[PDB]
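Undergrad: Residues per chain are reported as follows:
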Amino acid sequence: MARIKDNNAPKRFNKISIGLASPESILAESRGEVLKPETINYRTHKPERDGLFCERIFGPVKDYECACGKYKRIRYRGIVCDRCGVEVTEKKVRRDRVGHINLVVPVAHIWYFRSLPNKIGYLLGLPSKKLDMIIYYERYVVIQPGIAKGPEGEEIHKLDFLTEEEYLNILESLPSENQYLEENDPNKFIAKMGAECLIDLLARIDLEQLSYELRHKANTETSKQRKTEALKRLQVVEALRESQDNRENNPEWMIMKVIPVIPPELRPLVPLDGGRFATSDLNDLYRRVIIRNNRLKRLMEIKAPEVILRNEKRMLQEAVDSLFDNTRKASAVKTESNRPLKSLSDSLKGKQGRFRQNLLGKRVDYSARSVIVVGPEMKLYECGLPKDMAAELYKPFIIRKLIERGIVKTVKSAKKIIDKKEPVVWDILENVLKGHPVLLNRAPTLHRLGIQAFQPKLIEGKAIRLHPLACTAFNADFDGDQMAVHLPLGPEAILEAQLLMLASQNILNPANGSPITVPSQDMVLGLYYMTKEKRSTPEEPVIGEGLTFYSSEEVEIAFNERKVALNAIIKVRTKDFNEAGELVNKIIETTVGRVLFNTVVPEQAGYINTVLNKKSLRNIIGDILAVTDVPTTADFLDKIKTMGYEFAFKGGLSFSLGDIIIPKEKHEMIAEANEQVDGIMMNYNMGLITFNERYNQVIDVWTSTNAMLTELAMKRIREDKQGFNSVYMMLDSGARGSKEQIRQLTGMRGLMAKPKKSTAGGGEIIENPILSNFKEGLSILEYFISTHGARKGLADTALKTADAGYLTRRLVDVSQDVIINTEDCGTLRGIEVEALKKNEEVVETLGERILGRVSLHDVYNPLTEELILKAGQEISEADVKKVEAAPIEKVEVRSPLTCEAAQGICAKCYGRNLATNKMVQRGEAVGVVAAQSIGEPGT
Amino acid sequence: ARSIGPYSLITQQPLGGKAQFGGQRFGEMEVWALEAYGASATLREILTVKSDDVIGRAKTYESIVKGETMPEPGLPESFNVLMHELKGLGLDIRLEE
Amino acid sequence: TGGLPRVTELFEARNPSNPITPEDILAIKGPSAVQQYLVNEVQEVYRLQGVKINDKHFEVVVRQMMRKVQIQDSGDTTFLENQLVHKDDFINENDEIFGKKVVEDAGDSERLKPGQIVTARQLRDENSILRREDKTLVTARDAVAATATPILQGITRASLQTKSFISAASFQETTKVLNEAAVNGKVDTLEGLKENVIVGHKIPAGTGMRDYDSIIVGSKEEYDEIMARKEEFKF
Amino acid sequence: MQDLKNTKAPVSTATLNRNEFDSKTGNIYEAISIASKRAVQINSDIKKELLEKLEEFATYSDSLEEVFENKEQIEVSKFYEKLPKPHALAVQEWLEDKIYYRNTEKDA
Ligand SMILES: [Mg+2]
Ligand SMILES: [Zn+2]
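Each protein sequence line maps, in turn, to chains A, B, C and D. Just so you know, the authors' numbering puts 854 at position 854 of the first sequence, and the rest follows in order with no gaps. Just so you know, the authors' numbering puts 1262 at position 90 of the second sequence, and the rest follows in order with no gaps. Counted the way the authors' numbering counts, the third sequence spans residues 1138 to 1156, 1217 to 1432. Just so you know, the authors' numbering puts 13 at position 13 of the fourth sequence, and the rest follows in order with no gaps.
Isolated chain A, as found in the complex:
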C-alpha cells in the first residue's frame, strides 16, 4: 500500500531553543488527563480507560479501529467514536500524543533544588537544607509578616521559619479579620509551607531588583565568602534574566502543578511468550505518582488530620522527585531484586542513554556484507559485486526499469521477476550498475579511507572482489575478512562518492600526503624482478647485452623476438631531463625491464632508471602525481600493477629449502661462541669477574655471534644467483619479510626474555639462546621458551587495540568542531619552523616541514636577494627546492595554532590539503581528519 502523504510538513529549523515548561504549555500539548493507575486489563489485554496506556489519550492500538470496534477501516479517518472517545487513525500516533497529570498540590522538581548549584535556593537566598525543610513539608515560612508580631513583641521578617506551634500561636494572637484580607494587602499575615510557599515566594521576585541588590552586595561586602555567595546568586539571576529576552522564562514555572506523561510506545508494555509482560520502570513511577495524588485528593475531600495530609503531600513530593530523577535519592525506589528503578532522567545520561546509544550510531537499509576476494584484473576504481547482493541492493532501480520497459505494471510482479533471477534482470542490472558507485567499509574504520567508493561490476560467486591496492587503506587481507557494502541513493550522495570517496581519487594518505595506493607483495616483487639487472658470465651468458637501440620500440621488438634478456644491460635513446630541466634525447644505459616499465610511465616524469622497490615506487608515484594529474597517476598505478603481477607470474618465483642457505660456518661460530662462554665461565669461577659481569659478557658474546651470523646469512643469500634468489628478492624489494625473519629461518633465533614476574626490573634474558632455527627445527625446550613470547605478543595486541580506539574517540570528541570556514583571517602571527635535528642527524628537512604551508612575510635569498617566497602564498615543491638551495635555516609560516579566526581555522593558516596536495578548501572538516590521522597509527 502507498503510504499516505502525512500533510504535517517536516518542520524546517536551524535553531534549538530550551527553557522551563509552563503548566499552560503542558496542558496545551496534552491530549488528555490520566486518572487511573491501571495500565491494561489482565484478562482482555485491552488498555484501561483513562489509564497510562488509554486509547482516548494516546491513540488507538490498532490501525483505523476504535477501542469498542464501532468504527473500522480507513473510511472513518478523523472520526472520534462517540461510544469510546477514540479517534480512528494510525497506530503511529501512539508515539506522539502526550498526556498530563493534574496534581492536587504543587511540587518542586529535583533538578532545581538538588543539582549544584540549586536554582531555587540561589533565587530565594535560602540554603539547601532550609529549602529541603520547606519542600518536604517540615516548617512554615512567613511569606508576608503584615501586622503580626512575635509573642514577646519581636518583629517578624519575611522568609522567617516558623514551627507548627509558633504558626498556630501567631494565628491565634491575630484578629480574625486578618485572615479575611486579600493576599495583596500589605497588612495581611501570610505564612505557608512547601512548594506552594515556594511558588508564592518566587512569583514575588523582581529579578531586575534582585540582580541590583546582589551586584551591590558583591561590590560593597568586605567578607570574601559573602562576596562569593552574592556573586554566585547573581550568576543564577543574571542567567534567568538573560533567558527572558529570548523567551518567556518565569521563575515560578520551576514548581509544577501538572506533570506530563510521555507517549506509551516509548515506555512499552511488551507481552512475552507465556502470558508474561515486559514493562518499563516509567510506568511504575507514573502509577505511583497517580496513586499518591489520588490518595491526597481523597484525604482532602474527607478532611484528614493535618499530620496525615502533610505526610501524604510529602510522599507525593517524593514520588514526583523519584519519577524525575530517582538515582539522586539515597533511598531510591528499588525493585524486588534491589535494583533501583530507571527514571526519566536515567534515560538520558550514561553510555546507555539516548544521546550515546540511539543518536550517534544506527543500522541502515540498502546495505550488505560478504567475504572479500582479490580481483587483480579490476581497475583501481572498480569492485566486483556478487549477483545476489547487487540484485537485492539495486532492487528498486531494477523495479523502476521493469516498469519503464512495460514488462510489469506493478511492483509486486517486478519483485516476482527479480526473485526468479531471470536474464532480463541481469541485463537491466548491468546498465543500472554503471555510474552508481557503492561504498566499501571494513571495521574498524580508523581513518576516512576505511570507507571508499568503487564502481561495481557483476561477478560470479558470493564473495566481493576487491582491488589489491585498496587493501593497505582498508587494512584488509584475504584470510577471512569481511566488508560492508553501502549504497548511496540520491544524486548528491552519488556525486559525493564519485568526487571525494572514489578509490582512484584517494591515492594520498591524509595524515602525511604520501601515496597510500602503493603496490605491495606480488606487485613489488614482480617489478623488482623485471627492473633488476643481470650481468653476463661465461656459465650464464645474458642475451642482448651491450646492444644499442633507437627507442623503446626496438627494445620491445628485441624482447618479443627473444633476442635480448629482460635483465640485460642495454643502451637506448629516449627523452630524459637535462641539467637545465628540459626534455632532450640522449643515449642512456638501462635495462630492458626498466624500458618496459618506462613505457607506461607518464612522459613528464622523465626516465626512471633505478631498481624498483616499495620505497622507490612510493617516491615515483608521488613525483608523477606532482607533475601530472590524478587520473594519469591512477592509470600508471593500474599499468604497473598489471606489469608486476605478470612478471612475478612469469618468473615462477617460489620458496624452496634451497633458497634458505644456512651458512656452513654456522657450526664453527657457534663452537667459537661456546669456547668464549666457557672462558667467561672459568673466569667467573676463579673470581675474576662478578655474576652480573659474567651475565653481561655471555649476552654480549651471544649477540655478537647472532649479528655476525645474520650478516653472513644475508651475504650468502644476496650473492646467491647474482641477487636473483627468490627469498632475497622478496626481502630486498620490501614485498615481504624482514632481516630478523630471514635470520630466524637461516641463522639462530637468538636470545629470549624470561617471563618472570619481577615487579622492579624487566624480563631477564636467558643465557642460553635458541641455537636452532626453523629450517633445522627447534627442540622441545626452545619451543616451550618461544611460546612465552608468542602468547605475550598476542595478549598485548588484543588488550591494547581498545585503548588505542579510546584515544581516537577522545581526539575526535575534542577536535570535531574545527572546520575551515574563512579563506583568510589576516593574522600577522606565525610559527617559526626549522629543520628537525636529533643527535646531529637531520630527521626532517626544512623544506619537508614547510612544504604545503602559507608564508607569513616575503622571504629573500640572502646571497642573491631574489624573491623566493611571497607572503600569502603556498609553499610548493619548487619553492622547497629553492629554499633548500638558499642558505635559509628558519622559515615563518602560518599555522593553526596562531590563527585568529572567529570560528574554526581559516584556509591560509592550515595550508595544503594533504589528501589532494592542494590548498585546503572552505568546508573541510580538518579536525576529524587530524583526529583520525593521529589515532590510526596508535591502533
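Careful: at least some of the hints might be erroneous.
[What the hints assert, rightly or not] In silico PhoX-like cross-links for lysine-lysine, where the CA-CA straight-line distance does not exceed 20 angstroms: (1) B/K1259 to A/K342; (2) C/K1373 to B/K1259; (3) D/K47 to B/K1238; (4) B/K1238 to D/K82; (5) C/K1399 to A/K15; (6) D/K5 to D/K78; (7) A/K754 to A/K792.
Don't read these hints as lab results, they were simulated from the structure.
Given chain A's structure and the hints, the job is docking chains B, C and D with the ligands onto it.
TA: Okay, now just chains B, C and D with the ligands, sitting in the frame of chain A:
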C-alpha cells in the same frame, strides 16, 4: 544483502543479523569517516531515510521505484524519542526556523 | 608498548608520575612555547615508531586544547573567581562592560539604584535631570574589566565544556547541562558536527554548509534565452 | 533540450580531474552541490521525456496477465537506459561551462 525489511519496536531501526534479514551497523567511527570526507548528503541520507525516518524511507523507496526526485529528509525517530523524553521531563523544547 | 600511554598522558595535560610538566612551561615560557613543546613531544613519540604524520594535525588539536583562560579577578564582570571561560566570551564581556559606570550611591534618583552598571551618557543625563531638580547627584565609579590567565586543558576537559548544550548533554553531565540550559533559555544554532548528527540535519562541513542552500542553478542556454527575452520585452 | 544522443558524458564512473572540476568556483564542495542540483533538474527533464515517449508507444491491453511484452516500448526504454546517468550529464555540463549558478545570499 538487504534493501528493505523488518524494523525494531522502540528505535524503529532496521533489525540486525542475517536470520532477521537486517542491515549492517553504521556506527561512530564510520560517521567520523563520512564527516572527514565532507559527505554531508550521504551521512544525512543514512542517518534518516535509511534508518529511522519512517515517512522518509517509504517516500524514498516510492520515489526510487517511480523515478521522482528524492524527498527531503525528515526528523529521525531517535530525535523524536529524545524530544519526547525531554518534554515529559518538563522542559519546553521548540523547533525554531 | 609505552608510546600509547605517553601519547595519552601528553594529550591529557597530565602531570607525570615523576615530575617537565606542561603547566610549568605554560607558566614560564608562554602559551606558544608550550604549544610547540606539546606538538614536538607528541610528534617525537609518533616518530619513534616510524610513522609519519604532519605537524598540522597536532597543531589543530593543540589549538582546541588551549581555548580557555582562568580568571584572576572578576572586576565588575559577570564571571567568578577561578572560573574557566572561553577566551571569546571573556573578551566579549570585557568589551561590553568597557566605558560604563557602576552606581555607588543613588542619592535622590528614582530610575537608578546603587549597583547598576550604566553607560556614561545615561549617568550624565540622570545627573543633569537631578541637577535641574536640585537633588543629590548620583556618584558612580568607572567599570573595572576582568583579568584572566591562559590555561592548558586535557582533551577530555576541553571536550567536556562545549558551547552547545545538545553536544554537552550528549557527552557527559547531562543533568547539570540541561538544567543550566533550561534556566538560561539557551538557543542552540547547530554549529557543530555532533549536534547535527544527533538531530539528523546536514553537517556544517563539506557539501552541507549553509551558504550552499541559497545557490540557484540553471542551464546557461536557458538563462541566456531568458535574458534575451527580457531585453526584447524591455524595448 | 539536451542532445542526449550525442552527449560526451562518460557512461560509467570515471576518474575525473578534481582541479578542473573546482577551478571555476575554487571549492569542490560548492561545485558538487551545483552539479547535483543541475543533476536533479536533468533527471526531471529526462523522466518527463521518457514518460512522453512511453505514452506515445503505450499499448492498451485488457489482459489480466502479470507480464506484458511491447517490443517498441522495450527498445525505447533500453535506449534511454543506455544513456549516461543524470549526475554524469551534470558533471559534463559543469566541465563545459554550461551551468549557470548564482548565490542569492552573496548577491543580497
Ligand atoms: Mg584478516
Ligand atoms: Zn588564520
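Undergrad: Now tell me if each hint is right for this structure.
TA: Results of checking the hints against the structure:
1. B/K1259 to A/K342: holds, 17 angstroms
2. C/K1373 to B/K1259: Measuring from Cα to Cα gives roughly 17 angstroms; hence the hint holds.
3. D/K47 to B/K1238: It holds: about 10 angstroms lies between the C-alpha atoms, which stays within 20 angstroms.
4. B/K1238 to D/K82: Holds - the C-alpha atoms of D/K82 and B/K1238 are around 18 angstroms apart, at most 20 angstroms.
5. C/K1399 to A/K15: Roughly 13 angstroms separates the two Cα atoms, so the pair holds.
6. D/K5 to D/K78: Holds, because 13 angstroms separates the two Cα atoms, which is no more than 20 angstroms.
7. A/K754 to A/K792: Holds, because 11 angstroms separates the two Cα atoms, which is no more than 20 angstroms.
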